[PDB]
Amino acid sequence: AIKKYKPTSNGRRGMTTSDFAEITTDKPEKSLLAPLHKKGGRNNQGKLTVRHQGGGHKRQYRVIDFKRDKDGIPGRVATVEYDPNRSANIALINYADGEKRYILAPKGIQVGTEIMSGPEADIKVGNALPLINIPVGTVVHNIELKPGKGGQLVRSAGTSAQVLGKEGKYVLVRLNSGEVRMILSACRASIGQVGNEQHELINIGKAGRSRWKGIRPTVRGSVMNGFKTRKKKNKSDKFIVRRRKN
Amino acid sequence: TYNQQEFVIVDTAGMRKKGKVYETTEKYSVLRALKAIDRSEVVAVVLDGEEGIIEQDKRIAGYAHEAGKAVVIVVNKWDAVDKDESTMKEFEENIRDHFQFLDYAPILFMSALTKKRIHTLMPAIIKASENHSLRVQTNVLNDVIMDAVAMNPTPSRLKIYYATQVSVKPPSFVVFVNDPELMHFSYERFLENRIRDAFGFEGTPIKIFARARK
Amino acid sequence: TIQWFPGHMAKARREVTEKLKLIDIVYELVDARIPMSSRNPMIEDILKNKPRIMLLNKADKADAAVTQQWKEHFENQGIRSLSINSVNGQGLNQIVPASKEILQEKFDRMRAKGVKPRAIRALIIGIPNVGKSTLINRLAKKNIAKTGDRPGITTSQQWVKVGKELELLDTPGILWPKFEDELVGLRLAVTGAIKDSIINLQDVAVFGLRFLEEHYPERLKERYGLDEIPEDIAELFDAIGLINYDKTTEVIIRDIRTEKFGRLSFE
Amino acid sequence: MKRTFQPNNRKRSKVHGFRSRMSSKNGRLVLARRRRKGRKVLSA
RNA sequence: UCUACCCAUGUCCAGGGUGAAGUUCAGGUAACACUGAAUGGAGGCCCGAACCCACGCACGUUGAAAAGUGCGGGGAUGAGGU
RNA sequence: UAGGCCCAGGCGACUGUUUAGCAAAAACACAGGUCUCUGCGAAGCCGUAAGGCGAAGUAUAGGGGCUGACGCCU
Ligand SMILES: Nc1nc2c(ncn2[C@@H]2O[C@H](COP(=O)(O)OP(=O)(O)NP(=O)(O)O)[C@@H](O)[C@H]2O)c(=O)[nH]1
Numbered sequence: 002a003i004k005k006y007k008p009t010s011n012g013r014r015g016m017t018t019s020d021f022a023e024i025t026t027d028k029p030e031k032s033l034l035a036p037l038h039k040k041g042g043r044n045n046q047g048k049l050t051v052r053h054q055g056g057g058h059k060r061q062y063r064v065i066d067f068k069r070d071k072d073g074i075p076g077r078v079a080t081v082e083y084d085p086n087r088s089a090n091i092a093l094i095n096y097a098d099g100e101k102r103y104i105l106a107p108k109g110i111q112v113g114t115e116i117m118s119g120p121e122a123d124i125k126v127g128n129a130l131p132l133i134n135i136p137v138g139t140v141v142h143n144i145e146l147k148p149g150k151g152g153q154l155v156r157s158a159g160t161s162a163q164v165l166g167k168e169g170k171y172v173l174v175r176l177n178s179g180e181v182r183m184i185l186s187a188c189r190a191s192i193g194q195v196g197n198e199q200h201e202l203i204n205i206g207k208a209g210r211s212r213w214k215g216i217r218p219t220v221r222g223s224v225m226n256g257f258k259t260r261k262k263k264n265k266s267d268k269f270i271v272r273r274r275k276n
Numbered sequence: 219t220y221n222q223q224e225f226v227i228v229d230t231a232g233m234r235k236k237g238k239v240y241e242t243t244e245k246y247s248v249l250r251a252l253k254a255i256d257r258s259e260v261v262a263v264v265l266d267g268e269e270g271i272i273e274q275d276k277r278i279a280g281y282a283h284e285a286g287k288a289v290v291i292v293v294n295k296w297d298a299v300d301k302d303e304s305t306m307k308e309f310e311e312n313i314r315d316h317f318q319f320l321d322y323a324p325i326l327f328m329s330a331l332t333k334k335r336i337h338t339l340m341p342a343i344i345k346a347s348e349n350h351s352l353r354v355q356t357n358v359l360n361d362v363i364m365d366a367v368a369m370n371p372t373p378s379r380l381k382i383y384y385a386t387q388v389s390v391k392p393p394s395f396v397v398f399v400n401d402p403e404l405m406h407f408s409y410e411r412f413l414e415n416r417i418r419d420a421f422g423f424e425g426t427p428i429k430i431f432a433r434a435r436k
Numbered sequence: 002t003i004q005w006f007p008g009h010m011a012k013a014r015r016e017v018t019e020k021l022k023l024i025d026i027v028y029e030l031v032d033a034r035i036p037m038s039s040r041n042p043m044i045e046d047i048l049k050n051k052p053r054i055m056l057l058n059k060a061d062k063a064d065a066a067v068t069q070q071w072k073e074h075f076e077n078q079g080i081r082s083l084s085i086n087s088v089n090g091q092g093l094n095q096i097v098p099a100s101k102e103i104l105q106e107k108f109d110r111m112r113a114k115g116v117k118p119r120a121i122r123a124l125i126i127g128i129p130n131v132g133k134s135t136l137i138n139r140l141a142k143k144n145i146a147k148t149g150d151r152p153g154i155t156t157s158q159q160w161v162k163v164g165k166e167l168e169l170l171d172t173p174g175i176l177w178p179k180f181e182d183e184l185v186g187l188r189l190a191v192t193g194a195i196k197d198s199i200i201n202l203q204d205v206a207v208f209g210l211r212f213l214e215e216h217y218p219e220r221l222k223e224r225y226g227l228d229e230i231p232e233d234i235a236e237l238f239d240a241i242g253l254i255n256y257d258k259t260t261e262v263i264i265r266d267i268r269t270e271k272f273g274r275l276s277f278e
Numbered sequence: 001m002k003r004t005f006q007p008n009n010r011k012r013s014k015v016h017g018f019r020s021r022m023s024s025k026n027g028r029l030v031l032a033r034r035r036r037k038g039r040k041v042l043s044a
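Protein chains in written order, with UniProt numbering: chain Y, 2 to 226, 256 to 276; chain V, 219 to 373, 378 to 436; chain X, 2 to 242, 253 to 278; chain U, 1 to 44.
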């Protein structure tokens, strides 16, 4: 889970690292790769807009599949791999049809499990179903907002949502941040809670590790010699049942 | 008559901003409102509790302060906003942050609609009546002056020689110095705070005059 | 012998005299281990027609019974005295009421004169290397004064406004220009309060050893892993080891001030 | 110490060249002014 | 084309020390964590050349030089230099 | 051609960065802590607008403040 380094130096005091106990491969697949260069917070004009960014190790994008839509054709999980772009782990699926894909890895996936997505799929980890079919009380992730897109909500590491009601032509869902809102009933969602749940206990432990991850130093405004910002006539306000007053 | 004491009360129809008062001589009444202040000796400024502090309120309070009149800041309509613990201090602290130039004024809360704590207004008024017209002994006042300048020996160097009072309302004081040019507005304000702390002098402005060596 | 008397000590007297009028009350800090020898007659001659209280700081390192007896001796002498521990507030709560009771006469006279009561102005005075700055920092809870484990840290007097209730004046320690009784100088050097690079450490160690042998023979017996009481000093010095012939004197004086031994007093 | 001028032929032509001047309007105005004065060399 | 930051592609760092995790034998045990032995080679780790800086002193100040020289000094596998 | 050594107090946890050419530090940054906004065409920014960064990322994730290792008091 979490590994603690012994204090053999001043820079290693209290540094903790992951364990990588859920990784079965060290090489990605050439087919599902694409170039991805780094921006320094600049834009099409070249001027800086976002501060505290830039630098870091080079990365390559992995083409995840947030849409599913491959009904029938049962698939078998082949491997679980580490992804540098996100905070979760990904899983490779060798569909019986022949085409291979990448999906988010929910907690509890073992190699060799048979997954299936569609209106007739059963309720178990890894499946994907429209919100109509799933019953009350389940924990789901990869929530969709409007039919046809892909997994907008609740897909970070160790986050989950819940289904509450089945009001007509909609569904009541409670999100990770205590939000309660209605979602169109024709949208899709995936069963289970995202894995790598111990990701938040990792101590960086050094000034250079954050530099590796791509974060630049922050200067306090003092030496630089509670107002809600959500719009007051914003749409989709009719769908917010219980506010995020926490 | 209140508590075997007579009183006179005047209303002034409100005051709005100078820039946007381009009315059809109906703003000619504001001159009448300004006149009442000259004939009055205690001023009650009223602010709404439902609405926050508006910039115009600070300007209006300026006229009373510059006239050397006792002021009692008053807020009305608590029936609108919540009445709860620490909601007392939310506006009590906010007023002090914004209304710095007047600090002597006591703060009173009452709502006219529900008639809550209305009878408490006059107890403020009578107390303010005395302080606007008060004299301190010449001996005592001088003895306090060089105690303040001793702990703050940072006035060439300005010299303090004498101090006394001239008027009852407001309490004017004159200090004889080698030269009034050396007087600094920061130091002049410093003298006022010590005097305002030696005695009560609550709810009334104070003015200090400076005279040369003569 | 012991002559240490720099120029800032000389300037401190003049400054105190020139700022005497503003003072309302005086606190005179006196070490508990040597209550009589720690008093300063030179500064006491300047200080008159002013109420004062004797304070016994570092009271945790001294024997309770002798300190309490000295407290009684000061009390029936005709002066108020108290026992205080600066590092952890032990008696710090019972000084503001004492000051109020002492100054109540002038306070009520002024009140009847027709003015609002004001803050109490106190001046702290004493010999160096006693808690005249740690006490202020504890009283103000702010850690505003500079403190160190050697004499002569502060160099200029400073005003500290503790709330709207107290105005404290701090002062560098003051020593009389010339000592008269060598035993007092020896005791002062043992307790600190001297630069320790101007004096002879060997005589200090000899005095400490003979006082220990006279008064606390059992504590000398336990010592640090050795049990003997011979006539000379070289027996104990070469306990744990060319070895330092007599530099171990520092060791002898090193632990005692840190209370490696139990609590004791010299009176 | 490095002096401010470190010569390089490519950058000179890319920045102060003829085609760079002709690309935008202000460069064309510069060329027109230099033609009007009669300078033997124009652009770079 | 100097300097500040960023982007894409290359390139440089003589030698010598210390000995983390892991692994094996194993007092211990019923086996540990802990003994030791062997293996292992981590580190904004250590000493120190090339390279990069610029803490002390002296000289020079119509200088060899419109920021240098001489002797000492700091970093030197990284939040590195180019 | 190759390290001078040993005691006692402050200050900053450490490695690093700064006024090219007077100030290399106790000043800046830093790992950790805490407050606040944001349900996705997100909040913030650059632009008159189109168009972009945030990010092809989704509250264990991003902006904006205050402090500044870790052990014993708040
Ligand atoms: N044990 C103990 N140590 C105390 C006490 N009071 C002060 N000290 C110690 O005394 C030292 C600080 O003394 P300090 O007050 O600065 O002495 P000083 O008279 O102000 N010297 P100077 O006037 O020159 O600044 C610290 O080492 C502190 O621990 C006490 O009551 N007990």
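One should not assume that every hint holds.
[Stated by the list, open to error] Below, a list of computed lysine-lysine pairs in the BS3-like style, where the Cα atoms sit at most 27 Å apart:
| # | chain 1 | residue 1 | chain 2 | residue 2 |
| --- | --- | --- | --- | --- |
| 1 | V | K345 | X | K147 |
| 2 | X | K196 | V | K429 |
| 3 | Y | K275 | V | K436 |
| 4 | Y | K101 | Y | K71 |
| 5 | X | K222 | V | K287 |
| 6 | V | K429 | V | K381 |
| 7 | X | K165 | V | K345 |
These are calculated hints, taken from the structure and not from any lab test.
Right, here's what the structure says about each hint:
Among the hinted pairs, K345(V) with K147(X) is inconsistent with the structure: their alpha-carbon atoms are about 47 Å apart, more than 27 Å. As the CA atoms of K196(X) and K429(V) are separated by approximately 55 Å, the hinted pair breaks the 27 Å bound. Using a Cα cut-off of 27 Å, the hinted pair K275(Y) and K436(V) is violated, with the two alpha carbons roughly 70 Å apart. Restraint check: the Cα-Cα separation between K101(Y) and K71(Y) comes to about 11 Å, which is no more than 27 Å; the hinted pair holds.
Restraint check for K222(X) and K287(V): the C-alpha separation of about 83 Å exceeds 27 Å, so the hint is violated. Annotation: proposed proximity of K429(V) to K381(V) holds, straight-line Cα distance about 20 Å (limit 27 Å). Pair hint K165(X) plus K345(V) holds up; C-alpha atoms about 25 Å apart against a cutoff of 27 Å.
Checked against the numbered hints given earlier, this structure breaks hints 1, 2, 3, 5; the rest are met.
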